Amino acid sequence: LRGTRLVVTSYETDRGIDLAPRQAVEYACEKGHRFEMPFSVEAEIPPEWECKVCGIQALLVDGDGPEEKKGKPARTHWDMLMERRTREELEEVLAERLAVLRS
Amino acid sequence: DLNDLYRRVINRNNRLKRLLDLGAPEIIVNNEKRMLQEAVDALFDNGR
Amino acid sequence: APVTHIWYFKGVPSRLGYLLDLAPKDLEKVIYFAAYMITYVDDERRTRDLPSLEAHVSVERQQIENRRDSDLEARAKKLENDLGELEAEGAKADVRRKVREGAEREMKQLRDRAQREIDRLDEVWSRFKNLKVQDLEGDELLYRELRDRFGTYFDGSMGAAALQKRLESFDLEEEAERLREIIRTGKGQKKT
Amino acid sequence: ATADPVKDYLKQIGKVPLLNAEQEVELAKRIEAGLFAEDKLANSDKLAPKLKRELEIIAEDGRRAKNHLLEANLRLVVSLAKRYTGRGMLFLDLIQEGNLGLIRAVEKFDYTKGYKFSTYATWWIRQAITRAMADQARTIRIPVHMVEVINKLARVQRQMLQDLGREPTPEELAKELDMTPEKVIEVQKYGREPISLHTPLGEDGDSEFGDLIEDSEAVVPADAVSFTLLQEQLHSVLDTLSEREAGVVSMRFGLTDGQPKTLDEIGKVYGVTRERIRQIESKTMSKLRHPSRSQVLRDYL
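Protein chains in written order, with PDB author numbering: chain A, 6 to 108; chain B, 339 to 386; chain C, 99 to 290; chain D, 214 to 514.
It is worth saying that the hints were derived from the structure and are not from the lab. Beta carbons are placed, not taken as given, at the ideal position from N, Cα and C, and that holds for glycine. Just to be clear, a hint being listed does not mean it is correct.
[To be verified] Listed next, with one range per pair, are the computed distances between beta-carbon atoms:
id, chain 1, residue 1, chain 2, residue 2, range
1, C, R203, D, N256, 48 to 58 Å
2, A, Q62, C, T290, 49 to 59 Å
3, C, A153, D, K259, 31 to 41 Å
4, C, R211, A, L106, 23 to 33 Å
5, C, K230, A, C59, 33 to 43 Å
6, C, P122, D, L264, 49 to 59 Å
7, C, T250, D, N256, 26 to 36 Å
8, D, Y483, A, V46, 23 to 33 Å
9, D, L264, A, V30, 55 to 65 Å
[Unchecked claim] If we take Cβ atoms under 7 Å as the criterion, some of the chain D residues that face chain B in the derived model are:
id, residue
10, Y222
11, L283
12, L305
13, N312
14, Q349
15, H411
Put together the whole structure using the sequences plus the hints.
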């Protein structure tokens, strides 16, 4: 039989090569974890990353990251109740339930 | 055959994570937890 | 959720059983969500507050007996009303006695229910008296009853979380000293 | 704790009895009133402690009603999920997915339509079960629409085979399914299940299917030594060339460093013009591409 893992290789070595320049950017975690990351000089620095210690969101040493609201927390039972029913129906069922409870 | 066991573990774990924060009765939550433990047990030692 | 390692649970001898002194059947029942385990009890507080709980249960039993005698009086009044309603009526014995037999059976089953519930109250009381750590507890209904009655003064759990909580607060040195003393003094299968 | 968990779950779910239509309507009303009381509490009106206590009590009652409905209806999920058994997913996984579907349905049910609760729950349970089986049934996942197409093709092929009495040809299915034969064969190919590397093929039970697969992307020592010899021999041929020729060739092709520099970069070192770098390189290629130095390098190509 013949088989191949989807992996590519090159006839090439580490000796006798000059490495391109890189810059170390520092990131900090909420709990105090700090780490360094090497990036190419001809690169853009993203504002947010994941931590190398506890796998939580982390920002740069200098903070310039605001919050943009995401639109998909809506799903609850309350908003569906608003969508399905008007306020008067909820008020009258509420009044009936209080009446029977205090009865 | 290790990919299947890892997939079982991850599926059960993700479903449990969804159930816990969704808010559910103790019956199905406990059943999910039992399934997760059995999945991990089958991963480590199978048929024991 | 935490999970257990099968090697340190199943392989004979059960290492968890030996360390915690739990029979393998009890451990298997606990980890696989079939019975609760008590992981904490406040002995000094319950010993101090025992008089209040005793007073509460005695008051409950006295109220139960009061309700029992009230029910007896109500049943007697109902029987007298039935007798007055069907005194001048002329019919066969069974026709006029069926309702009285039904009322008597109702009273019998009512007092049987009262006896059963006071007995189960006593059972719960006794169970609370002799509660200790690593005490497995099936019969979900009984656990819920005991929790709602006296939810404070102890904690219970299920699954590998209970075993984790126990292993966290476990004094190895004291148990080792106890084992060494028993080995020095005790003899028989206990020593082995 | 028993070796079989399916029996344990089945015997556990049956303790809670069933419910009637009026009970369902009353429970739904309790849920509605409890949630509206919860919203009123969310509002910052002080009101009175007794009214607040009553509102909290009815909210707890509504929560209890929702729970009770769920335990009562778990049996419907169990009944529905049993006809999807097989096809990869196990029984309990299907049951739990159906339970999630039932919870979703209970979250979005109303009694003004005057229908028994079983219908909406059945629709949502089947939807959830089929979606889950579409997403968690194959090691190499396939989108929902492709799985639907595969199922449609399989059903059509089975029906054609049963009715006609022969195996349908690709053209027959293509004209029946209204798609090109290439699409038909592609859909047939996508659906296959991977074999296992641990299937024993040794009659005595020692070998496995995975012990006879050759690592195709494995460094063959002969090839590595051949490439090393080629690399060492290439430099010597450049050595006999003049200094400038070898230098410009090496910089242009980056043999020494691996970075092919531009013509301006090469000319910066020697100070010659761009056009000069263009010409000097050409003469070197003409020299090497001659019947006087090619023999040393012909074999390696």
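For each hint, the structure was consulted:
The hinted window of 48 to 58 Å between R203 (chain C) and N256 (chain D) holds, with their beta carbons roughly 54 Å apart. At about 56 Å, the beta-carbon gap between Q62 (chain A) and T290 (chain C) stays in the expected band of 49 to 59 Å. In this structure the supplied range 31 to 41 Å holds for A153 (chain C) paired with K259 (chain D), their Cβ-Cβ distance being about 37 Å. The hinted range of 23 to 33 Å is satisfied by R211 (chain C) and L106 (chain A), whose Cβ atoms lie roughly 27 Å apart.
Distance hint check for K230 (chain C) and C59 (chain A): the Cβ-Cβ separation is about 38 Å, which falls inside the suggested range of 33 to 43 Å. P122 (chain C) and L264 (chain D) have their C-beta atoms about 55 Å apart, which keeps the hinted 49 to 59 Å range intact. Look at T250 (chain C) against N256 (chain D): about 33 Å separates their beta carbons, and that is inside 26 to 36 Å. Here the CB-CB span from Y483 (chain D) to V46 (chain A) is close to 28 Å, well matched to the stated 23 to 33 Å.
Between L264 (chain D) and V30 (chain A) the beta carbon distance is about 58 Å. The supplied range of 55 to 65 Å therefore holds. Taking 7 Å as the C-beta contact cut-off toward chain B, the hint placing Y222 (chain D) at the interface holds, the least distance being around 6 Å. A hinted interface residue such as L283 (chain D) counts as satisfied when its beta carbon comes closer than 7 Å to some beta carbon of chain B; here the least separation is about 6 Å, so the hint holds. The interface hint given for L305 (chain D) is met, as the beta carbon of that residue sits about 6 Å from the closest beta carbon of chain B, less than 7 Å.
For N312 (chain D), the shortest C-beta to C-beta distance to chain B is roughly 5 Å, which falls under 7 Å, so the interface hint holds. Evaluation of the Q349 (chain D) hint against chain B yields a held restraint, the C-beta minimum of about 6 Å falling below 7 Å. A least Cβ separation of about 6 Å between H411 (chain D) and chain B falls short of the 7 Å threshold, and the interface hint therefore holds.
Hint violations for this structure: none, all hints satisfied.
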